[PDB]
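Have a look below at one chain only, the form deposited in one PDB entry, in structure tokens format.
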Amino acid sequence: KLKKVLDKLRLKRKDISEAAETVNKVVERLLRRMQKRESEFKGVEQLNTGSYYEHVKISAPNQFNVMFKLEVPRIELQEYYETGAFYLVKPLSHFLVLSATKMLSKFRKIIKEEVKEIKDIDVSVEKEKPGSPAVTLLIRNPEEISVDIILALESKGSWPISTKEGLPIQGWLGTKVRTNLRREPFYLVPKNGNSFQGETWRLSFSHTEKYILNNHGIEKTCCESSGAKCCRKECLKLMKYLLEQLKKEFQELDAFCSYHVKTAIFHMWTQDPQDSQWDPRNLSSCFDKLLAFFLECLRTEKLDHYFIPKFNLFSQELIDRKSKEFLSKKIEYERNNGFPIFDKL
């Protein structure tokens, strides 16, 4: 049943090769233009993030996330109205308070200029979507591929106080891992008609999340060549697919994204830390317990950011009750009728 779906969802080696070869060309050239030109983003470094680099991308290698991160010395953060995730912040002179919109606009300008000069790849820059920190590339290998270039500020200080109680991995990955993770930099991305709209940045833990995905067992050998396989990634994939399929069919679900599922499974991996609670033989009960957890998040209207406990991704302000009830009904239907949506194209 679910093994068959996972077979469908598995990327093909051939497609992986073709997609990656084209993407790396475009990205390499963009990264070079950010330094070889005396741009205000000289020193920016590349960090690959999201599902493709975590090995949980499903169906096709058609969406790539990449961070162009810029180290900024001793910045001062001021939290935005107790939200936990959003901050004002203090070469960059002409982006003054460091304005996210002004900095993003210049960043975006550079990329567009450079993209116009690319003559061997069919590639363009997608119209800016308000509410997105990314510059999005649309590549036409014969097949459609999207690349989100995310601008990020990199700070090396202590993580902000709103995260103090986040990353609750102590009983799963442990205290040494947590302490070491919190010694890495933290990232601010320009996520953005009220208030301090254009000067607000959002914390990003994409780097931490990538380490977690690739080091996800309570045992060091989980999913390694001299360890046992678990089904943690496979459940993420199934849940991701369920949401994608539903979203494709129902405009009512526009406010939901894969990060909601990722966040939910992070909490499930914390609640059920033992690798034996994710035995491949138990794929079905595991998938099912994840569904039940997600439904409880929907019912209670509560899905805390894993890194920022006070930030509720399912607050009324972000996603209307109607949407959450709608998604509850549709998930409950699929669950009670053997997931017919998994059988469609």
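Positions refer to the first chain, counted from 1. We call the rigid core the largest set of C-alpha positions that still match within 1.5 Å between the two forms. First, how it differs from the form deposited in another entry.
- In the core-aligned comparison between these two forms, the C-alpha of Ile145 is the only one from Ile212, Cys230, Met239, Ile145 that shifts by 2 Å or more.
- The Cα position of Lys176 differs by less than 2 Å between these two forms after fitting on the rigid core.
- The Cα shift for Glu334 between these two forms, taken after rigid core superposition, is smaller than 2 angstroms.
- In the core-superposed comparison between these two forms, the C-alpha atom of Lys116 has shifted by at least 2 angstroms.
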Given for the second form:
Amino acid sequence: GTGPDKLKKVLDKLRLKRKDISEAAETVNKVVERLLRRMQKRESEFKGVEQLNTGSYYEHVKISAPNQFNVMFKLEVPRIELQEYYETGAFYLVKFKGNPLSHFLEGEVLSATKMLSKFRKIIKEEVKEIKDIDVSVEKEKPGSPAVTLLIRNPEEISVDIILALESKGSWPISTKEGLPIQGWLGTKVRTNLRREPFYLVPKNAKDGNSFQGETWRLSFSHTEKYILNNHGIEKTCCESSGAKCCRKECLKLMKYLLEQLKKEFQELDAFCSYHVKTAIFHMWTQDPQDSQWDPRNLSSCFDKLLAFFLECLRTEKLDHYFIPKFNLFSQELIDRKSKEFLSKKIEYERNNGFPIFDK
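Having seen the form deposited in one PDB entry, could you now give me the structure of the form deposited in another entry?
Nothing else is written out below except the one chain.
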């Protein structure tokens, strides 16, 4: 009946949804592994592709939609020269310092359009050879770089395949002051994480253009998975020989709150789960102690995350955790109107016992 007990009940409800999600993921993994084997056997620019096992499913925070999965295929690309397209670090053009990708160049710039067109062509050919699972490729949607598989098991599962370039060079200068984990996971962890590769994912800017179509966004999905699964100041946080915290529980509740609100109000189309993830990264930095995230504090921790998110909405400021000058809540990206509408809705739920969770 009480507020704290109701929030625990929501987490139970989310726990129950994970069984269908896990079962669907087994089918997705079967298909993805079959497709990757075919891609690794075929001679092409994409022969070196591998699954990057990142994203909400592998972070254990996929809370809904067992019929929709996102999968990343990484391709190592040596000697990438990056050019900032936005000096905030929001977008990059890829250039090079013979080139295996030389067929995808528009002058000196790597064409995401050309490279994705061949990627899609090959995936479509190889998926047709998968004879023992019912799987097809969804017709291409303009503005959507994903190559989407449709699996029927017998129910339909959609799998968005995202091509990600992997660079082993040092991280871009736009990330210099990002990943501010020094007081939480520490300086040794930060140094080790920044020695890992980084990824580039195709994404159109839509603006004055010229090179619209050929821009890429940075991706740190591997780092984010590491942080989600190694999220405590104590190394034993949430391990068998350690103490549970409520960090991931707060993430799941806030993701669910946003997902429920977005279902009801098309005014919220501009918001996405990555805004919640980015906000909770900042909150984990602000409140680094595991004791601040004791399971008994679930309700007060969720409330302080809501308060922090409301402050980001009010100030129209939510910095990308890895790229500090990239403001995800800029007036340019999300109307002041949309932020005020979401602030009103979150405040309502907060002061009335979260009726949208009852749905």
